[PDB]
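6 protein chains.
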Amino acid sequence: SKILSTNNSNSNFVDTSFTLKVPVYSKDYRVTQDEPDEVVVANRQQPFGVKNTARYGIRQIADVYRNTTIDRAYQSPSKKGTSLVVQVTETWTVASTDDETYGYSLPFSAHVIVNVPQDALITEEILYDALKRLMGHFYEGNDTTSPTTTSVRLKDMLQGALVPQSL
Amino acid sequence: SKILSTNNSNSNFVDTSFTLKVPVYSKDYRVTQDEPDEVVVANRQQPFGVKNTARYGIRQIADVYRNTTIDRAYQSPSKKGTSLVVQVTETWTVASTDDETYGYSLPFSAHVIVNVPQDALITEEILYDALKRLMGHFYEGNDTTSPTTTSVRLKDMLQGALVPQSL
Amino acid sequence: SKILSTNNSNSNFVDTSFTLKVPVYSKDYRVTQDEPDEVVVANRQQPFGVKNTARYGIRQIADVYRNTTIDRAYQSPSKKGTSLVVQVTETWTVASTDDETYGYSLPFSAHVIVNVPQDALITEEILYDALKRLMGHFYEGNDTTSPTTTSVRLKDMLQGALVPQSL
Amino acid sequence: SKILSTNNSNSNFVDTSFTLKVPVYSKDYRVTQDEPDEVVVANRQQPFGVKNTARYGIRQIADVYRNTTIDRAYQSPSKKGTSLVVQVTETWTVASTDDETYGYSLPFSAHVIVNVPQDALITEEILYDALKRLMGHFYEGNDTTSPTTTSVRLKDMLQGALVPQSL
Amino acid sequence: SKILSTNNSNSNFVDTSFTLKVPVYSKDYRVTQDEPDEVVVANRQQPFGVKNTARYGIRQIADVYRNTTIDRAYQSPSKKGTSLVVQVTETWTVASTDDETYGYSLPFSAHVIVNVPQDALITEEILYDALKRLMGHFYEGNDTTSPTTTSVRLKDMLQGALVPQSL
Amino acid sequence: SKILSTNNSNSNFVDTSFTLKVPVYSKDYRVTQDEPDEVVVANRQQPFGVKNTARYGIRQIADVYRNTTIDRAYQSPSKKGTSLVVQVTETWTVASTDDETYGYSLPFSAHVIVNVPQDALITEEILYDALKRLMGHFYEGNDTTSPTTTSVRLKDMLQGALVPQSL
Ligand SMILES: [Ca+2]
Ligand SMILES: [Ca+2]
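Residue numbers (the authors' numbering), protein chains in the order written: chain AP, 1 to 167; chain AN, 1 to 167; chain AM, 1 to 167; chain AB, 1 to 167; chain AO, 1 to 167; chain BS, 1 to 167.
Isolated chain AP (complex conformation):
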């Protein structure tokens, strides 16, 4: 019997709540692009100025070890991978309570990329928990406190402070 380990058992994390607002695609979204490797989905609820779209794509990874330093002797026979991308694009607007003529539009976009080796032992739950570990790096954990606590670092990183405060 073969067993896969993520080797995160010895890491120190703090749970924190991150409540997702999941779309209702049937109500809100229509399909803009259905190419075999790339789908694009548009938000029908928006006015013409405001563009709200999502993009879901996969690419095949020739050599999953290509940029890693894992010794040849420990590489899987199957070296193929899959690369997933999930992009969301939003259009925000700025206006004034006092002046109905003041306004402009700001474009926001953000995406997630996930590079998964093609191996039978990797499961959907393993990958979601990987995503949870990933998104957890937008915070800093504090086990010093008696109830374990977390603090936000997204603004700090955006401002150029990329090293955590814990170091």
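All clues given are correct.
Not the full set, but computed from the structure, chain AO residues with beta-carbon under 10 Å of chain AM:
hint, residue
1, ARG30
2, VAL31
3, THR32
4, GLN33
5, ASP34
6, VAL40
7, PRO47
8, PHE48
9, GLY49
Keep in mind the hints are simulated off the structure, nothing from the lab.
We treat Cβ as the ideally placed atom computed from N, Cα and C, and that holds for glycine.
Go by the hints and put chains AN, AM, AB, AO and BS with the ligands onto chain AP.
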């Protein structure tokens, strides 16, 4: 007076729990790279075979309106932007309880990229809630049920079913 | 026993109050850049539009006598120096009480450079008192008055009147 | 109606005394150079060996927004600016009470540079208070103590400890 | 399960105390060179004449078996290794009580190199215990006496007595 | 009279315990090579596969000031020095509980080099204290806490975190 709207007020969502494992950087992580715009951080807790790193980087965005279908209205403060990347790299290991000889290492990686315009009305909370909307696209929601229900997408997407099954 | 003199004992100065607002770095500032000779520190308290940073750098001076006219016979054996720079960068905003849409941002910057020979006899107090003499040149002293008084010349200098009014 | 803010209202500071020695230019200083944008002034009181000068210069700034991360909003009055420099040059002397033969001269110099945008709402007092904030960075402050306490940085910085010890 | 043995189980030792003076880097040191493979650190508290420095470097070992007597049939699958160097450089001064003009500076340098194979079973504790055994060779052990005793050997080796007394 | 100072009087350290396992050469070792400059010693108690060796060597240093920043006016009259090397070579074995046929041998090597000027004032105790300071750099010191504490740094450095946490 001045108000920024994300124009999500007419989108239909469903909440779901996504509990993050935030790192205790003080225990686990040390700095491999401290250059001004790119920081690399390594996990002290892994053994020598396993490589566990995180990378935090920013890039300055020249014109946030350039690739977009949005373009800049006359009273916009700036075209400038900032692009943030957060990457996690893990080394998973497959072994066998039958054969001590049999084993290999799988490389996992994933990252998030966020493209924030330079407008002071964008707040740290606005950005985190944007990230929550983003990660929501790894799921599908149902308004219909009395407790709202959410199903998962990550498998179906990685398998090539890139259109939501709700559509 | 060796003695250093600054030779300012024969100069005529007027004390005047110049009350410094010193930062509380722990509360307000995070580190943007930690290069060995150049550190950059950002003000976490500001909104995204407003940039508030400080830069602290040192350069080594090959020949401290390189541009001076001190005779060779009176030069120290050790000709190395240190050059320190302290820059502050602020972003000011202009708005209107009456019109909540009227606004723009102005960039301010200013720095101090201190070129100190590497000599054991120069002390931290000597250098601070040098800085006090330096900043005192933004004023003009008046010993003619019975209580000695000072007047401001920063605007006059900015407007092109670089000679003091006393001459 | 029109108001300029320096956006320091949410920064945390601590006051400290910094008593300036302002020159009595009429007694001590005479003009060596009177060219329109650069004035050099020499200290009459020094003996022939010791050289004590001050230099006052302005340069016109083409685009004050050019090197900055700030850029110009549509209703800004001008891009123009002015850059002021104030330099002091002193000649310190080391002698020995044992040997009449032993002596040398150390050259000290330091200067301040101020980069003021061309907006009429910037006032002479705004600029002086900016200079006070600037010089404050030669210190570290503590909100904690009941009389606020400030420690010094100049030594630690010149020695290469460019990060504040509070951070 | 897999087990590593250092095979020191049956070898005979005598413990002796060797109390390390560990640096407080935050108070005493600054970074001179920040390279990915080689970091250099310097003591900013020393006076100018006395340069106290340290160097921390890693080279990567291609074949850890290259200069060993281990036949291939007994080697691990992975030949990778890393090589660590820790160098310290001090400057001692000799002077006189009776004569202020008499003195000179002596340079001391020393370094440690450690050549660790990349095997997950090698632990940080294993490596430190190896270092303790290494430094034990600067001594000679006697377990025949009622209290186990050790005599120092550094000066003897420096003076050409390289073979232990026991042998 | 003449006095040597290591100038470590004002530097800040934290003591930590490092108990050396000193060899009993008479029981465990034999001499492999007896040269005037290089002695090699081997563990005769190890089984045949496991080679445990040590090497003790001295080179003579022509100019101890060759790669130093000490100007000639500050050098001793004698430039002679000696250079000591102490190398240890071990062979660790990895095997399995479940499988008698599974195993390999890992080579460990490490050495120390010490570069001592020939000055009568350098004592054996001075040199051992220097070695203790050297090995202290494998740790990081914290004297702020109520008991002075130290954390290990060997694995962190091996894994590319070469700059101390404190810096
Ligand atoms: Ca660097
Ligand atoms: Ca003229």
